[PDB]
Amino acid sequence: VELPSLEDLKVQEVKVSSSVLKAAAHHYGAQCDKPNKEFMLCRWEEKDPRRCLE
Amino acid sequence: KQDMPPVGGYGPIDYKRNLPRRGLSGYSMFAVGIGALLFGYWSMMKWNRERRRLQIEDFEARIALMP
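Protein sequences appear in the order of chains E and W.
UniProt numbering puts the last residue of the first sequence at 58; the count rises by one with no breaks.
UniProt numbering puts the last residue of the second sequence at 73; the count rises by one with no breaks.
No wet-lab data here; the hints were simulated from the structure.
Incorrect hints may have been included.
As the list claims (entries may be wrong) - Stretch-level coverage of chain E by chain W, calculated; a stretch enters the list once three of its residues show a Cβ under 8 angstroms from a Cβ in chain W:
1) 9-15
2) 40-49
Claimed, not checked - Residues of chain E clear of chain W, computed beta-carbon distances all greater than 10 angstroms:
3) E6
4) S21
5) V24
6) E58
In this text, a Cβ means the ideal position worked out from N, Cα and C, and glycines have one as well.
Model the full assembly from the supplied sequences, consistent with the hints where possible.
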């Protein structure tokens with residue numbers, strides 16, 4: 005197998021806790037809806053999460 | 007001439023036998039029982055049904071995250 009580099013990692017990581025992530029959490033998902041629902045098709049409809057990194 | 011029995015002052019006490027106090031019987035009971043029990047299940051379906059609504063909200067916060 006072949007893997008992507010150490011680059012295309014180390015992105016700006018959301019460093020929050022569990023409750024403050026679950027704090028808003030409800031207003032969150034129901035109003036972005038372009039990158040995330042399409043990301044599910046990038047994971048369900050085609051597998052191998054090594055292709056799907058954008 | 008100093009002997010016992012009095013000229014008067016007596017009872018007597020009874021030989022009888024009685025304490026039949028009723029008692030709320032005979033279709034009065036089996037009516038307070040069912041009337042209490044149906045108040046219980048009526049106090050259900052307002053809590054168990056309502057907890058089922060907050061249950062879905064608890065799963066809701068899970069699903070709006072995890073992409």
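Since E6 of chain E was said not to touch the interface, does its Cβ keep a gap of more than 10 angstroms from each Cβ of chain W?
26 angstroms, holds
Is the nearest CB of chain W more than 10 angstroms from the CB of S21 of chain E?
About 14 angstroms separates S21 of chain E from the closest Cβ of chain W, which puts it past 10 angstroms; holds.
Decide, holds or violated, for the assertion that all CB atoms of chain W are farther than 10 angstroms from the CB of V24 of chain E.
Holds, since 12 angstroms exceeds 10 angstroms.
Residues of the region 9-15 of chain E with Cβ under 8 angstroms from chain W, three needed, outcome
violated (count 0)
Can you tell me if the region 40-49 of chain E counts as covered by chain W, using C-beta to C-beta distances under 8 angstroms and a minimum of three residues?
Holds: 4 residues of the region 40-49 of chain E have a Cβ under 8 angstroms from chain W.
With d taken as the least Cβ-Cβ distance between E58 of chain E and chain W, does d exceed 10 angstroms?
For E58 of chain E, whose nearest Cβ neighbour in chain W is about 13 angstroms away, the distance exceeds 10 angstroms, so it holds.
In summary, the one numbered hint that this structure violates is 1.
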